[PDB]
Structures are given as structure tokens and as C-alpha cells.
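Engineer: So you can see what is in the structure, the chains are spelled out below.
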Amino acid sequence: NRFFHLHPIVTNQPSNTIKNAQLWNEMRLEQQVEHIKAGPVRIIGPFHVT
Amino acid sequence: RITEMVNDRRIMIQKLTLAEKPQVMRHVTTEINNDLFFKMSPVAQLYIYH
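Just so you know, the sequences run in chain order A and B.
For what it's worth, full-length UniProt numbering labels the leading residue of the first sequence as 705, then goes sequentially.
For what it's worth, full-length UniProt numbering labels the leading residue of the second sequence as 253, then goes sequentially.
This is chain B alone, in the form it adopts within the complex:
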């Protein structure tokens, strides 16, 4: 997954091992939309100023 992204930089990763492939590890990823804060609010002037 890491190598697939080709956004802005050339990521290089060495081949791991023939036996270290199945090692497990925990990595969380938030899945919540962030477009509901950018609505038109009656208090936006305070947001801009601060």
C-alpha cells in the first residue's frame, strides 16, 4: 500500500524477507467526513478572526 502512492515523492522500500511477510501490526485509519464543518455558519467571522 505504501509503495502504490505516487503523489509527490519517490518512495523506495527494500524487499523485506521471505519469512517476515506474515508479521502482523496495527495501523488505524480514521474514516469520518470532514466536509460538515465548512458549512455556512452565523459565527464564521469569529472563526476567521481567531
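Okay, chain A solo, but in the shape it has when bound:
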């Protein structure tokens, strides 16, 4: 916060991480809602971020 007014950076401890994308993509609706209900969820696969 000393450098940016607001940033996409967080410090939550992950839980029940997903192996890689295209598995979260096709899993199911209202089935992944339970994953986010229990807490943060992390996706491991590298991305092309700008």
C-alpha cells in the first residue's frame, strides 16, 4: 500500500488447490461454489499475464 493505492495482491493461505487449469474449467457449476465457500482456492498452472 506504500507504493500503490490499490493492488491485486493478497496474502491468504491457500486451501484445496487445483492441479491445473481445464479441470476447474469443466468441473461443474455449484460444485466449485463449495470449493470457494471453504476458503481460497489456488490454480497451479502457469499463465500468460500482462
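Among the clues, some could well be false.
[To be verified] Distance windows between CB atoms, simulated:
| id | chain 1 | residue 1 | chain 2 | residue 2 | range |
| --- | --- | --- | --- | --- | --- |
| 1 | B | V276 | A | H739 | 30 to 36 Å |
| 2 | A | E730 | B | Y301 | 45 to 51 Å |
| 3 | B | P274 | A | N720 | 29 to 35 Å |
| 4 | A | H711 | B | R261 | 38 to 44 Å |
| 5 | A | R732 | B | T282 | 30 to 36 Å |
| 6 | B | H279 | A | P750 | 50 to 56 Å |
Hint data in this document are derived by calculation from the structure and do not stem from the laboratory.
Yeah, the Cβ is synthetic: ideal placement off N, Cα and C, and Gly gets one too.
Starting from the known structure of chain A, fit chain B onto it as the hints suggest.
Structural biologist: For chain B alone, kept in the frame of chain A given last:
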């Protein structure tokens, strides 16, 4: 039954519904031994050639 087999590939199936579980459907499965054709026969040479 489909999900149980772990023979060679990862089978994934989405959860169906809370109300579509009791739907009925017909699926036949042959139950006849196939080991009685592989006996020693006096005509096996023809089988091999053809």
C-alpha cells in the same frame, strides 16, 4: 459402476442431479465364456491361414 474402473484412462463424470438419480435405462451385458473356442482343433491351420 462406470467411475469405478481405473483400468487405463481417467474417467470423469459430472454429478447428475438430486432428482435425476432414479431414472431407469436398459443396458445389456453378455455372460458367456469365450474360452471354449481356443481349444486344440484339427482345423486350426485353416484358422491361422485365413
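Engineer: Look at the Cβ atoms of A:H711 and B:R261 and judge whether their distance stays inside 38 to 44 Å.
Structural biologist: The hinted range 38 to 44 Å holds for A:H711 and B:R261, with Cβ atoms some 43 Å apart.
Engineer: Does the beta carbon distance between A:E730 and B:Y301 stay inside 45 to 51 Å, or does it fall outside?
Structural biologist: Check passed, 50 Å falls within 45 to 51 Å.
Engineer: 29 to 35 Å was suggested as the range; check whether the CB atoms of B:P274 and A:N720 agree with it.
Structural biologist: holds (31 Å)
Engineer: Just tell me: holds or violated, for the beta carbon distance of A:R732 and B:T282 against 30 to 36 Å?
Structural biologist: Between A:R732 and B:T282, where Cβ atoms are some 34 Å apart, the hint holds.
Engineer: Taking 30 to 36 Å as the stated bounds, is the beta-carbon spacing between B:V276 and A:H739 within them?
Structural biologist: holds (32 Å)
Engineer: Given a hinted range of 50 to 56 Å, is it respected by the beta-carbon distance of B:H279 and A:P750?
Structural biologist: Once the Cβ atoms are compared, 42 Å apart, the range 50 to 56 Å for A:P750 and B:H279 is violated.
The structure fails hint 6 only (numbered hints given earlier).
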